[PDB]
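A single chain, nothing else alongside it, follows as structure tokens in the form deposited in one PDB entry.
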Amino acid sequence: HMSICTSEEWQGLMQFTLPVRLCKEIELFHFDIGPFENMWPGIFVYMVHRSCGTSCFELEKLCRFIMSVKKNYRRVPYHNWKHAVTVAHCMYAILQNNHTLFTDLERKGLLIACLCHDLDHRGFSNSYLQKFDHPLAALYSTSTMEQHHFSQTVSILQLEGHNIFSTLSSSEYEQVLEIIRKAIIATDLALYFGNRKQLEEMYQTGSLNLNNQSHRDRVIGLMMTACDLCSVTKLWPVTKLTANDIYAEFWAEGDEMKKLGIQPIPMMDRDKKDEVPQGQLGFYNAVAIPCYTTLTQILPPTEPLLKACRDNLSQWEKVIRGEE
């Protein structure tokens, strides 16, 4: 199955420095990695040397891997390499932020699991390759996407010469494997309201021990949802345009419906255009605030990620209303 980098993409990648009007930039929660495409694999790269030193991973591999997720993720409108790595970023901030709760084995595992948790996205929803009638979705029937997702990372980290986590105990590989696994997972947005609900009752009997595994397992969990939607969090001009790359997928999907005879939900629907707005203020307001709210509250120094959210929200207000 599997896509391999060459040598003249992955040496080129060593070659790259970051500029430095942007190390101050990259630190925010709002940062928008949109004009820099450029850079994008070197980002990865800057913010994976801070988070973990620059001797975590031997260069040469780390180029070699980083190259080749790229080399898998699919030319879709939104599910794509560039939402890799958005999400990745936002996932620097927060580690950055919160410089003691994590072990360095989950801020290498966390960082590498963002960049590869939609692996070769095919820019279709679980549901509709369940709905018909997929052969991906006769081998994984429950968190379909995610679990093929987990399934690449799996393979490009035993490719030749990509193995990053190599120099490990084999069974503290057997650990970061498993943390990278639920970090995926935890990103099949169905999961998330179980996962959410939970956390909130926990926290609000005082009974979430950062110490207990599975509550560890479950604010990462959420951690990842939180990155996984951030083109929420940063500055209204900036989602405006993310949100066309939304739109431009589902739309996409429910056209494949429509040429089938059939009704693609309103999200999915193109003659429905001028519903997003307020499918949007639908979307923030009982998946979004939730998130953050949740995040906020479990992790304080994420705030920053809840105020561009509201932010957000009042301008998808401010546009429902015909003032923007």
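Numbering follows the first chain given and starts at 1. Heads up, when I say rigid core I mean the largest set of C-alphas that superpose within 1.5 Å between the two forms. What changes on going to the form deposited in another entry:
No residue of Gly282, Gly34, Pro290, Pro266 other than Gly34 has its CA displaced by 2 Å or more between the two forms when the core is superposed.
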Second form
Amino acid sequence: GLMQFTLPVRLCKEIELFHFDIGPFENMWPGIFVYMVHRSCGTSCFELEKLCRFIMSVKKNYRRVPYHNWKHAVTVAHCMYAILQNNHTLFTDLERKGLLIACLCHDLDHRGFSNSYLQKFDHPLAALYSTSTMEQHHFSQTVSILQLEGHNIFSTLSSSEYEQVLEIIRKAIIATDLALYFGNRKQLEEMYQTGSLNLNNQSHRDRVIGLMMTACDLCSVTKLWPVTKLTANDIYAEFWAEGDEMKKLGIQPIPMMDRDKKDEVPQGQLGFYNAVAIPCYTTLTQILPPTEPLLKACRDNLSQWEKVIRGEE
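Form deposited in one PDB entry already given; the form deposited in another entry follows:
Partners and other molecules have been left off, which leaves just the chain.
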């Protein structure tokens, strides 16, 4: 039990900040994750050997796509680590255990294609899961990996604690379906403003964990401008491949996914910040005041995209 992970000094300090970038050294990401689990949860949350075997099976089941990759998984888990560390007392032992795992697993076996593309392609996963198609798949892969011999990182939980943590993970992963985010945030906005938001109401906690999941999932828009700008290229590399595949099915893709419309990206980033990101981190900041740095970084990046449009870069 006496075996800590320790990071170099710059990482030890910067990993506590919301805008931390996990860096280009893939072989350090498992250790960064274990470090975050040890501080977020405890050195006793998980058997190290099991957790290490789980992490590497999760990594193996992320594909080599430009954005929805192993780096995205660890990045989204680090944003969750930062939310949990800045909100020490608000979350149960089971939630701390479940949420970092849910974030690491939330896009397992992603192919770089939206729920929409699977539905138009008539992918078998769209027959199995009519809504939140990829997200039900990601949860399904998470359960598959938990069931591999030596991979049950939760084995020391009671039967009912195990059912609760898999239920946290399932709702947490379903919530990363952005189609569900709009209504979830509107409801949380109404509840916060009429004063009815109650964190002892399980269905309220669920909604708040959902918004955290969106916040962590979108956290590329909360980095320093050079990270945000370079990640946008990975995001659009997937979208334009999906666009190309839509054109192959005989469907004009939306402009966001059409590589012939790269010029419209700065404006498309504005829409996205104004319709999705800013509202997300605003309602999050209202519910969890110490997550304000995410909102502040998001606003900084909106301003940088405004400057791109004004040809000031």
